[PDB]
Structure formats: structure tokens, C-alpha cells
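Chemist: Work out the full structure: start from the sequences and follow the hints.
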Amino acid sequence: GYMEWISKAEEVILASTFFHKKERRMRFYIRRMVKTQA
Amino acid sequence: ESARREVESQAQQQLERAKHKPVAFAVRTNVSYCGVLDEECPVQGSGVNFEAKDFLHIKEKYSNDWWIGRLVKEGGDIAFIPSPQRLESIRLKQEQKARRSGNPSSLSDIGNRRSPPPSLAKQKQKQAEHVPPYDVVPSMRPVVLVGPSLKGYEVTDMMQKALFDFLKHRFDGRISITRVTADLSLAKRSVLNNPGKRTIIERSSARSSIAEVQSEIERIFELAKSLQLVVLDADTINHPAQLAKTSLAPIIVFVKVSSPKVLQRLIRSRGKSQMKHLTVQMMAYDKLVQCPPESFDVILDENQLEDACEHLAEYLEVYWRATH
Amino acid sequence: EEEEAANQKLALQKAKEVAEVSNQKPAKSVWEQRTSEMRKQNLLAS
Amino acid sequence: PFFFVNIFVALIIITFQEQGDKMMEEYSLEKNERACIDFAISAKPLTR
Amino acid sequence: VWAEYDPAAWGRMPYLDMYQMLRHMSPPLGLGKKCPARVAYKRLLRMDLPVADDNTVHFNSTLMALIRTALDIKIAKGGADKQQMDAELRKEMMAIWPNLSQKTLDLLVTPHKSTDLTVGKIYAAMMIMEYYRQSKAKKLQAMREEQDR
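Protein chains in written order, with our numbering: chain H, 3 to 40; chain G, 1285 to 1608; chain W, 665 to 710; chain Y, 26 to 73; chain P, 29 to 177.
Treat the hints as calculated values from the structure; they're not laboratory data. By construction, the Cβ of each residue, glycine as well, lies at the ideal position given by its N, Cα and C atoms. Where hints are given, some of them may not hold.
[Stated by the list, open to error] Here are the simulated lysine-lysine pairs, DSS-like style, with alpha carbons at most 30 Å apart:
no.	chain 1	residue 1	chain 2	residue 2
1	W	704	P	166
2	W	692	P	62
3	G	1571	H	10
[What the hints assert, rightly or not] For each label pair, taking beta carbons as the anchor points, the in silico distance ranges come out as:
no.	chain 1	residue 1	chain 2	residue 2	range
4	H	39	W	669	28 to 36 Å
5	G	1475	H	23	19 to 27 Å
6	G	1557	W	690	47 to 55 Å
[Stated by the list, open to error] On the chain P side, residues computed to face chain Y include the following (Cβ under 7 Å):
no.	residue
7	87
8	101
9	136
10	160
Modeler: Written out as C-alpha cells, the structure reads:
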């Protein structure tokens, strides 16, 4: 329970990794899709 | 008498017209006194039977002896609250019904030592502390969340960040979040009249950090008068009593892990960086745990985020409907 | 039973927070009933 | 044959329910105190 | 064992045979050969059953208490509790089976009669005094060497 709590908050903090800020977000985006029931 | 009835009707008309007006400010009490049983109130049957650790909301102006207030209880109607001078008078009235109050004891000593009451027997003395019956507090309670072990570290930071997000999202448009990097534990009211009033004095406290800490104390007050809920993102306070003697007296939200065993492995998940600092992160936990639960206002002792998320949610609308 | 007991305790704690404004499971089984008794008798003797 | 079948045998043993007998927690004693006292209810010395 | 100590199976056995019976049988049903005599007397008081003036102990009544002592079936702390557990236990057995005859039910567990001496009372004559009897020799001793000294 606590691991998922901090994990969601860590993604809240997130908002060539420096130029591709999206590159961190695709890692975040497909992280979302993996969790999805679909 | 027609005079008492006329001022009775005038008070009711004033109350009826003031039912829909903004609140002026709020007070904090420290004595269990009932304002419904006192016969000196302007209106009988509309008093306040409030105990200690209770909040009062004054809106309009009546006189120097009584005031119109409202309670933070849901459904609490408009009542009358004593003035701070009135309670000091009635406090002297509480202790005068006894057989003796000054130096002369009644141990079979009548007619020998009359002992007229000196300045010691009045409220002039006992001024070493002399705590006022009323304390100035924000009308709206700020909310401070105490982390599991220590703020400013990863485990606590995400442990706080998720709750901060939900406060932003669910209650958007009615809650404002303020973060203070400065300290807040040096909030004292009975130290001196004005320690370090100006920055050009070159005093020890003039150039110290007490200047901005005192300046941030009232910053909360304006946010409270705006009725929009506010929190305290203080990175220095990690224990409930550290900010309990001040005038903030805020809502303390306790998030805690059930056992120290899970917390240790919870820190392990962050990485080797927290492994350097782990040892003192456990001593800060049990010291906060050994504090009696009654000190905190709410406890989040559960592991599920959503179930904990609604736990703080349902406690907040009750605060909104309490004062509306 | 731990989850049920914790929920009842949490709901009780919820009352203090709001205090400012305020099928059938078969009865164990022959194995469970005997196993519980041996636990008591062994522990009672200790 | 060796492992799953003995789970079937074990699972039935552990989950077997009582033969009727109504509810059987209303009475406080239950347990084995019944069988000893039941014997004491109906007993006779072996006539020599 | 009861068949031999009462060879005719009268249903009544004088109590002098009973203590020897408890010695013969091992715990938890009987006292056992190596049981302490005073500890053995403790269980005898735990029986708390009326003593017949013919020295006899009922077969059904005696078997009941031995079970109760071993299994600790609501063994009372004493005093008013014993007055209540006998009222209680008889109701459980009545609750479990109403088919049992009331007279037979009172036969297994006698209705409380403080007039009738308990099984403990005859044995309490020995155990309490034997603790004093050894002390009685020491009591006369305690002054005796003091008198010589």
C-alpha cells in the first residue's frame, strides 16, 4: 500500500531527457498504460 | 419593565438582520464556561453552552461586556459570548463564592484577624504568566501534516505530496496551498513588546531569523479571513507540540506507518542515498509515535491510498459545513 | 477478521474526527473447531 | 497422482462440516466436556 | 476398577475404598501412585460432593466430579460461586438435554445442601490438620529448645 502511495506522488512531481522532457513522460505514459485494465 | 423588553426586541431585530453577514474574526478559549446560564446577558435563552478547546466566531459589535458569536458546531445558532473583560470579572465571581479567597484562613479564626484584602487578593498580582481567557487565532484553521519520520526527505516527501495533490484537485477553487521554507516554531507572544522591531538596530534578533518568522505568522491570518482553506507546508516542524503553544493552533494531520518494520524497508526502496541517513530517520519516528494520540487531530493509520484519501476528504467537508 | 476488525476500529476513530459537529459464514468446521480447542488446551497448560 | 490427489483428500478433510446438530455455539461448554458428562449421564456398574 | 472394589456392584461404595481407588488409577482420572498426599487431598476437596452417612459414595455422583476436577469445567473459586455454578451447570445439562430425568439429574449433581458434609470435609480433616500436625510437633518443639536454651 505504501509503495503505490509514493509512486503516484512521484509521478505528480514529474510535470536527452532535458530536451526531451517528453522522453521522461513516455516512460511515464506507457507506465500508465501497463497498469490500465485495458 | 418595558426597558428590558424593548432592548430584547432590538437585539432580536439586530440578530435577524445580521444572520447573513460576513464574520469579523474568531477567538480561542481556555475555560469551560457557559454563556446561557448567566443572567447578565442581553437576551436570555440564546446563550452559548461551550466547553474548553472550542472555537467561537464573532461577527458584529454589541458592547464591551457581551458579543454576538456563532459556534463551529453544525447547526449551531447565533448566540452571545462574553467579552474578555467579562470573563475576568466572572472568573473573580467564580472564586468569591467560597468561604475564603485571600490570606486569612477560616480554621476556627473568626473575629481575631480581619485581614482586609490587599493588592495580593485581586487579579493585579499573579502576573508571572497571567494567560488571557481569550487567544487570537485564525478564523479558519490552517492544516499541517506531520510526516512519518522527517520532512525534507524522499520517503516523507512523496508521502506528503500525494495528499497535497488531492487537496488541490478535489477541492479546487476553494483551497489555497501556501509553502513556507522559513521556520515557524519561534512564534512567541509573551517574550517582549517588540523584539527587533527594525532591521537597522543591528541587534542580535534584528539580524536573526525571528524577523521573517514573525512576519509569516500574520500571513496565515489574511488567508483565514478569506474563508479559502489553507495548509502549512512547513519543512521544519515534525512534532505536534512544537507548534501547539503558538497562536496558530492548527489542524494536525498524522500520517503514520503501522509498524517500524515496514517503514525501514519502505526507506530501502528509495535507494542507497537514504541508506546513509536511515539511522536517525527511525529515532524521529518512534518519538512522534510515543506522543499520545489525543495530541493530533486526525490520524491516517491505513495503508491504502484511496481509503486514506477519502479519510481526510470526509473530515474536510464537515469543517466546511460546520462554518456555513 | 483482521480486515473486519480494523475497519470497525477505523470507523470508531472517524467519529472523533466528526465529533465536532456530532451471507452467513458456516461456523468453522470439524477440523477448525477441534484445532482451536487443542490450541486452548495446550496454551492453558502452557 | 501423488500431489494433486492428496490435495483433494486434504481439502475435504479440512473443510468438512458438522452433521446437522443445529447451531452448537449457543451452549458455552461444547468441546469434549459433552462426551465425558454424557457418559456420566448413562452408566451402570458391571454386575459381578 | 469400580467393579472390583464393589464386587457385588451394589452401586454404593464406602469411602475408605474410594481413596485407594484414586491412588490406583493414573491421572487425569485418578490420583496416581506418585501423587503428593496433600496435593491428592486438594483434588478431594475439589470434588465437593455430599458424603453419605453409610460411608458410601454414589457411583454416578463420584464419576461426575472426577471429570469436573480434571477438565476444570467451571470449577468455582468457592463460596457464593459454588452456589451459582451448581445452579448454572445443571441448567446447561438441562439445556443440552431435557430428556434426562430430573431426579437422575439431581442424582449425578446433588442439589446444593450445606447441611451435608462435602467429600472435601472428611478429607479436609486430615490435610489441614496434618499440616498443623507436623507443625504441632514443631510447635511444642519451638518452645522446647527455647526452654532448654
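Chemist: Evaluate each hint against the coordinates.
Modeler: Cross-check of the supplied hints:
no.: 1; hint: W:704 <-> P:166; result: violated (44 Å)
no.: 2; hint: W:692 <-> P:62; result: violated (41 Å)
no.: 3; hint: G:1571 <-> H:10; result: holds (28 Å)
no.: 4; hint: H:39 <-> W:669: 28 to 36 Å; result: holds (31 Å)
no.: 5; hint: G:1475 <-> H:23: 19 to 27 Å; result: violated (49 Å)
no.: 6; hint: G:1557 <-> W:690: 47 to 55 Å; result: holds (53 Å)
no.: 7; hint: 87; result: holds (6 Å)
no.: 8; hint: 101; result: holds (5 Å)
no.: 9; hint: 136; result: holds (6 Å)
no.: 10; hint: 160; result: violated (36 Å)
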